[PDB]
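We begin with a single chain expressed as structure tokens, specifically the form solved without the named molecule.
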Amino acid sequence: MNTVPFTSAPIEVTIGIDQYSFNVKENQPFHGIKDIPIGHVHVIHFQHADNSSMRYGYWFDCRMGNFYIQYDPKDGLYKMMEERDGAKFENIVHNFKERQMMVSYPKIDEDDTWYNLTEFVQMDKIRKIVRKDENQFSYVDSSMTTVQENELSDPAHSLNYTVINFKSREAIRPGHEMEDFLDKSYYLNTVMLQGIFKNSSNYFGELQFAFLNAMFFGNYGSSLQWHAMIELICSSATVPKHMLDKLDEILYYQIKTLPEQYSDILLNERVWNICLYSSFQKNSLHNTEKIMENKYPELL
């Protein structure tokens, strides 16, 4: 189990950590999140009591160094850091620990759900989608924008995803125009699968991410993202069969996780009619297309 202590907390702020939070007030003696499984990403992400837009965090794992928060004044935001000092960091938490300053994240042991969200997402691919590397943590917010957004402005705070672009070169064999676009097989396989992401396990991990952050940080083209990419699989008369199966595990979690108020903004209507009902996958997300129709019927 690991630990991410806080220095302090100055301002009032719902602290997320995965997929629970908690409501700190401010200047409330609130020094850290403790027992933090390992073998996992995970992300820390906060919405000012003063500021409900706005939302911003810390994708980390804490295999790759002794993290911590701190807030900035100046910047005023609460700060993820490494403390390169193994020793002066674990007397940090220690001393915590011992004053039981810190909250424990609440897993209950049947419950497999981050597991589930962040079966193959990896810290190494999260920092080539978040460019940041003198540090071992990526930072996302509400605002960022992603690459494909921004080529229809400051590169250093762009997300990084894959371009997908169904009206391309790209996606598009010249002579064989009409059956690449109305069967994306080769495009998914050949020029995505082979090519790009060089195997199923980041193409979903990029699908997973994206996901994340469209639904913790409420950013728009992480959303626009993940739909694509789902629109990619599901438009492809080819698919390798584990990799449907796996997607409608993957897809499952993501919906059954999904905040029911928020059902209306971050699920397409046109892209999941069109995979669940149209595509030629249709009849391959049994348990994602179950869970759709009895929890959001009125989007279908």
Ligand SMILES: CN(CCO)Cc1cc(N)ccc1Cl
The other form holds:
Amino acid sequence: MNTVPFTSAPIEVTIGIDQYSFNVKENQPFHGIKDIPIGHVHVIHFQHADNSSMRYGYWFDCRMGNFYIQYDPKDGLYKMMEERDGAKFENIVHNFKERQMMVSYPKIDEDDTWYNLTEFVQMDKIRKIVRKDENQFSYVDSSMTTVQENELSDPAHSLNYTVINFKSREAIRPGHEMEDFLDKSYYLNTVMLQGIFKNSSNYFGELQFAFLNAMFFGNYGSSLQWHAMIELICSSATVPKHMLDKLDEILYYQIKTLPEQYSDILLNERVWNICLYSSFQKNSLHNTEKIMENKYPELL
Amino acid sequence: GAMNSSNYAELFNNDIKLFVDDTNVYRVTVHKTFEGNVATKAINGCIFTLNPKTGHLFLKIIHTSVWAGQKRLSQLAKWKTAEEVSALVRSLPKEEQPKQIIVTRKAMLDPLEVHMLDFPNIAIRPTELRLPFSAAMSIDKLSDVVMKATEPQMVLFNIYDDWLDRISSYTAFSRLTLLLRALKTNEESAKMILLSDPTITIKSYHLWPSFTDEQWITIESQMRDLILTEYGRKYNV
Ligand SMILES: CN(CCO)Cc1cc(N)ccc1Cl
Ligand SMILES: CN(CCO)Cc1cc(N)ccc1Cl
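Right, and the form deposited with the named molecule bound of this protein, after the form solved without the named molecule?
Entire complex below, previous chain first.
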């Protein structure tokens, strides 16, 4: 189990850790989060009480360093930092645990939700989407735009997701215009899987990461990316059977976890209806279709 | 964006553009089989690609052989149209290629955009106008070349004959749309109007009769009466 120490909590903030969250009052004696499960990426995120504009947060993996949060009163946000002095970190953490100033990562034993949402997500790939290589953790917020959004403006602060565009020369082989546009298998299997992602795990990892940035930060370009990666699979007549089964599990847990009250903004009616009811894979996502129909039948 | 009432005059400026109409590409007769089921028989079609400024009609004849062994022919027909239009643009010198292609039906947008990916600078546009280009097969000489074709074939007609020697392209296009609208509403009556006077002939190299200015005004008036008429006969007014 690992720990993220918080210097202090000078401003009132709602703090999220993965799918959990709690309210910290201005100058309440909050000094961090303990018992964080090793073996997964995690995200610690923030919404100030005074300005619900800008949710923001940090993707991290506790195996890659000792990390802590400290409010910066000049830049006005809770910043993640790395402490390199490991003795000084264990010491601080131990003092705050002894004084019981930390909340415990509240995972129920039966519960594999976070695993299921992050199964293919790897800190190395996150750091390539979010470029800032002097840190081992990655900052994301509500307002960051994607490389593709910037093609349609600060490149350093962008989400470098894999560009997917169904009406592009990359997607469409000369002489197979109709075939490749109506059945995207070439684009999925040869261009994207064999060419760019190398395997389906890296593909699913980016898909899962885009969903999570969409959900936790309301990052609109991440939502676009998540839906595009779903649609590319659903619009392909030829998909490995193992990918279809895994996709159904991935989407199931995403739909399960989504706040009911956010379904109106984070779920694209056209893509979901197409994917569940018109696409080649309309019959291949049994779990996802069942949960969608029972939880958001309005959308369909 | 879309072409409509408000930006009608753009059609007659000096930026090359083409209208593409796919409504006569896939054509069938529907008939009963010996068993009493229904089947279709394809007949020759055409793509109607028109430069509204000059009257250039690039008439691509679609021979029934292109459908042989194919499924989902109404969807294929849109992609075949897009394939032939793209081929036409590629065949043209750069300085004759259109800057915009306006499709008369929205279902052509994606097929044509995909086929024209190589031409990112050609704008593919829909239109809110209900243009009567489906009636092009009521022009006798166009129908005749389509039905006689035994292979795929491109034919070139000025659909305005020599009208631009005397009138503007705006006026020429209005006349054409009026004639086609009339032929679409009541072909027999429209054709009666155009041909009732044996002394006014169609030149071998023309599609329409050689009316004087004064006779065209009369023709045009008769075509508007017809269209208004049929509209009563249809709606009981
Ligand atoms: C509150 N702590 C202890 C200060 O005495 C500040 C801090 C400094 C480092 N270096 C690491 C974590 C924290 Cl949380
Ligand atoms: C009349 N000429 C053709 C002669 O072969 C000009 C023309 C060129 C294209 N491309 C279409 C229609 C016409 Cl009418």
